[PDB]
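Asker: One-letter residues, chain by chain:
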Amino acid sequence: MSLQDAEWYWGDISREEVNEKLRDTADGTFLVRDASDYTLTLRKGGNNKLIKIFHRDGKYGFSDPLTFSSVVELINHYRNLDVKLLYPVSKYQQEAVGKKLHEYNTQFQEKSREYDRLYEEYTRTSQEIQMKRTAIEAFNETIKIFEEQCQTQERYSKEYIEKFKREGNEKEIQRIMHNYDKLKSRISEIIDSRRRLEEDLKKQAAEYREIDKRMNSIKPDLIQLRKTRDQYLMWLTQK
Amino acid sequence: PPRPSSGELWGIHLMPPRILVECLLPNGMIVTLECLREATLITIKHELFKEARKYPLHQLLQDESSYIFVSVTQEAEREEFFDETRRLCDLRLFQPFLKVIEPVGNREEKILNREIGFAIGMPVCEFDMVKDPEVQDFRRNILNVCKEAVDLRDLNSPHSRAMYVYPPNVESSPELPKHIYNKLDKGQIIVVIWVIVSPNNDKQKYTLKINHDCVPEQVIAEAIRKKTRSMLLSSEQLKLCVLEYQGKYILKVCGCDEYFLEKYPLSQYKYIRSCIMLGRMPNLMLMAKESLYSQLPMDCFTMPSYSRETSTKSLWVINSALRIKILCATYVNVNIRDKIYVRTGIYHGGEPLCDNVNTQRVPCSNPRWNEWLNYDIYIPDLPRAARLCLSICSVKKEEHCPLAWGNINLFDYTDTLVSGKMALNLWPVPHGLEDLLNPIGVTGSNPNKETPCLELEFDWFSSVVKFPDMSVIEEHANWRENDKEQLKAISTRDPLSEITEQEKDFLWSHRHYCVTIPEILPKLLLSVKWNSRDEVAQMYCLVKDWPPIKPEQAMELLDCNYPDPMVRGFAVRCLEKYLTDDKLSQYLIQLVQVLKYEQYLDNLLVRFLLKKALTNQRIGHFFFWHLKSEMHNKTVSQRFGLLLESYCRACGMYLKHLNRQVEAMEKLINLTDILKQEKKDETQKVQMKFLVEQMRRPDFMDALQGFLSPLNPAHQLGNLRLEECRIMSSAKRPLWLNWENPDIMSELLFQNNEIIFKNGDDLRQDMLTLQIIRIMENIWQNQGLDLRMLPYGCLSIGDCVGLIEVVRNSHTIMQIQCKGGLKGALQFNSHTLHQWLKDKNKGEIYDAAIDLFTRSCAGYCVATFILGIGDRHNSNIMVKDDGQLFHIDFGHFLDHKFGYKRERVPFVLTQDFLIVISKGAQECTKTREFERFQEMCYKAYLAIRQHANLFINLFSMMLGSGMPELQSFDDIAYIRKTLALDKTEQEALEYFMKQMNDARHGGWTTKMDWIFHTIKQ
Ligand SMILES: Cc1ccccc1[C@@H]1NC(=O)c2cc(NC3COC3)cc(NC(=O)c3csc4ccccc34)c21
Ligand SMILES: Cc1cc([C@@H](C)Nc2ccccc2C(=O)O)c2oc(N3CCC(C)(C)CC3)c(C)c(=O)c2c1
Ligand SMILES: Cc1nc(NC(=O)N2CCC[C@H]2C(N)=O)sc1-c1csc(C(C)(C)C)n1
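Protein chains in written order, with our numbering: chain A, 1 to 239; chain B, 1 to 1017.
Worth double-checking, as some hints may not be accurate.
Computed beta-carbon distance windows for the label pairs [what the hints assert, rightly or not]:
1) B/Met814 / A/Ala96: 41 to 47 Å
2) A/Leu3 / B/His947: 37 to 43 Å
3) A/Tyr87 / B/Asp1009: 18 to 24 Å
4) B/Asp534 / A/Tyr78: 42 to 48 Å
No lab work stands behind these hints, which were simulated from the structure alone.
We put the CB at the ideal spot given by N, CA and C, even for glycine.
The following block holds chain A by itself, in its conformation from the complex:
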């Protein structure tokens, strides 16, 4: 029980470096703070709670009746539905050395760039896959129209072919057949083009997943390298 020892006592650091010091933790991981004074950080119910301690009359306490007269002997009572505190957050955890962690920040940048390059070709592939999916549906609707055109040909041309036959004008039916062949030949060109696009779709969807695989492999490293570029305070300008 000392003014400052460095066991669970930081300064009055912000609420940004508090929630992040007990995010995804058990019913504990606490630290001391100040308020607009004393403040204690708690965790119960899956939530992040915050308690104030009035230090008036040179004494301390949570509830209405003042029941203490020191800082570090207020924790011991509730330590062992006012639920208990479990594990504290230390001030000693990972010789004039800010230069070795220059290699972890070099790695962080070298992992950010390579991930950004992969995320670039992930979005670019993702967009192009969605483009090709719609293009197939357009080809499908195109073929349906061209096949509905063939029905219109066979429907109307029957009475005229069943008349040029009864007349011997052969190189007049040829004109009708030469066009119907052109229509059917175009349908095969559309279907053959749509089949090639289906090849490009599944060959890219495979490459799309290979990008996702390498991203999911690299992502864990970037998140843990965030902790290893930590900075010490009150020291100005570092590379």
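Since the structure of chain A is provided, determine the placement of chain B with the ligands on it from the hints.
Answerer: Just chain B with the ligands, lined up with the frame of chain A:
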């Protein structure tokens, strides 16, 4: 699906000048016709049937009139081109082919659906195929709001329809700030009424002197009196001519489409009040009511064709803990360079309701779990806004990492609780997300079915479970002295101030008294445990019987901290009553983004906004564009698309005007796409040569002439002054566009409408900034503090696409310094800015011009500092010829910004402005003109500090939008440092003076550097 690009063909941006189109004739013959790129369908169909006569079975061809063209769009839909004016290039074809068919079915319904589909950006046919019953229910049910609004539109048959199209642009209150009343002459203002004598437009003046609080009908009466005075009439006849002709006329702002329809005082109208403060003479045009109503179409509202003993228990009954089975996942893309697990958690909005349970770690290549998860929570203790957040994760305990996530509403929109087996397609984790769960992310299943699909089973009970109605909630809910000092102190605390467990329990205990302080409700709601039906039910009864509060305070209850529908419904009910249409237009940017949080498609908020949009076209206009600009985003696509469909089906004839805007933007997007891509490595000359040549084409001239500006649809865009249009220097290839103002009396207002179309940069940041700047100006003005800001128009229309209003007669400080004034060539020095201002304002104009600069500078100086947009340079600060300062291009600054520097910020342009504020003066460090400037800033800085809660809530609501500078509340916390909310009111001013003094002295010493903005010091 929505087409990806704005090109004419699939893959090709621009059709070659001559295209070979394979036309499918109605006799069954295919002929290939070489069509011109800009040819209309009328000409194409005509020349087709002439060429068709060469081919067999041409005797079967009927008249060209009896046929219509059909083809496949880039959206992959079958569009029947009923409007045959449309050009080949403007058809949005997938591949160049046309089919000649005979029309079947209802022609009117076919047209309306394509009109609505074009306005949205996706065909309506896709919504019809969505089987999700919530979607189809919303579509069917939301038409109630549409019909309600249309009935109010057609309530006062002719007049109410004019009020809809031309709503009175007025301030919220008629009260005039102290300094504005002093500008007018002893309670009255000089006003000029104009009249068009003949169709060969010439004009007659009627200069009047009228009380500022006169209504438009009284203004017309005074104009009639002046004319009838000069004629032979008795006192009774002069009296009768006014009475019988007061209500036969109508007033309108000369040079734009803003009408004085409602009986508000003339000073409350923004145009007149602006004229009063600026000292300009208002010019109004006299019009006949019979002339305005003649232009109103009288559009109808017709319903579409998509408006066509089970055991049940209550949730207040079932006794068990929450139990969820994690059956199996289809596939997970992993390298076999790492076992995987499924992390879950029950959340109430952002806050978790209980502990987060995990599944067993299973092999990387075999994704199956099949384990009942047991959550640490009671089922009846669930609130209405309870929802499950889960995700698939991996491990190197050594290194955890998520891959695919997905959230579900534990309750349906029917109030039913999930029961049984469910397949959920997962979403990919965003670029900048390291959290194992994504709780605040979008709720629901991923429409894209080709992603990892995690299946799960819910606990099946005997009957069907439903959340209890409010009457059952009141039953469970059924079961002093002076601590008022703290309640009124924490009620006035900013929403980002911490609420301790002492204060949370202290608020919950003294909650029954808190009703007397209704502004403490946001604090009280945070002081509640939402995993206890006991407390939730007691808050429910309090909320319903809670006094109405200011709409600014109610807007806070719609952000990401208040997901409970009873809390939101209260806020909507407060807005329905108290919020003015003026403030609605003001805060529409936040209110639209707030819609994203709401759990379900149908709710009170959408029904409120949609009705107001269908009741006021100025609200509806921006309501449309704010929704459409987010249609690129898949996460919002469905809801916003369904909501845009609701508006487009009911808005009326303005749907055609919106389509003309869309088509105009589509042209600009594609034109810029060519300059940014394809013609990337070409010089300015060649691209300008392409621009002039391409804009001159008839398809472009017709599309981008004669439509309403999306920045302000009151401004009409006539013919293009192509001699002014140009591509700007920026690498993002922006388009400068000039338009003639087709107003009959453009002479007396906007002679040229200039807009910057930029394709590439995200303009969402500028919109919010320019909005807050506008709000800051409003607060100062209402407190009798004249600080003239310039929140120029800006509107985002899509993914990094939008428009920027051009300020006339304005130049950057850099541009000011380029002139020189024949003092060498380009050589300048600080004094030049002042010399330029004096050289362009001579005489007594000078004194008022210097005043305008100081007032405008003080406003921006304060504003920029509070927001952190202060470190600006010559390129980003502009001065008008009259001498109004205003900062520009706020997004550029935000793109160019770890957390350890900024302790010293040198403003080099302090010296340049001090010379402007105080003429010459070698030692201008302390003058009487400067002492005035400082006091103006002090009054302003404290004025924004008083209204700090508003700005915090404004930013907090803008967290739904995916901005990189607005993700957590830690980003918004910065305002608390600048405003110094924790520090004393007097100490905050002492803090401000110190911050400014340091920036001033820092500017003197530093060496700026002109081009690269690198300080040598
Ligand atoms: C979020 C916010 C709200 C209110 C004030 C500040 C912030 C930001 N948080 C900060 O920590 C920070 C720091 C700076 N500059 C550094 C100072 O030394 C350099 C500026 C800004 N400004 C904005 O980001 C901002 C201004 S209007 C607008 C519209 C939309 C998106 C963002 C913005 C903030
Ligand atoms: C004449 C002038 C003076 C200043 C400052 C340096 N001076 C004062 C201002 C108010 C009251 C007193 C003083 C004083 O020092 O006496 C200006 O500051 C800014 N910024 C905002 C504040 C930042 C720290 C972010 C720097 C950028 C801008 C944009 C100006 O236009 C400006 C203009
Ligand atoms: C509001 C606004 N107004 C402008 N006015 C002008 O440019 N001019 C006025 C007549 C002479 C001409 C000139 N100075 O060359 S630019 C701008 C503005 C605001 S954000 C912006 C970026 C495009 C740089 C992002 N631009």
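Asker: Each hint: holds or not?
Answerer: Hint by hint, here is what the structure shows:
Checked against the hint of 41 to 47 Å, the C-beta distance between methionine 814 of chain B and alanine 96 of chain A comes to roughly 46 Å, which is consistent with it. At about 41 Å, the beta-carbon gap between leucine 3 of chain A and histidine 947 of chain B stays in the expected band of 37 to 43 Å. At roughly 54 Å, the beta carbons of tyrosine 87 of chain A and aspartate 1009 of chain B sit outside the given window of 18 to 24 Å. At roughly 24 Å, the beta-carbon separation of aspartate 534 of chain B and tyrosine 78 of chain A lies outside the given 42 to 48 Å, and the hint is violated.
The earlier numbered hints that this structure contradicts are 3 and 4.
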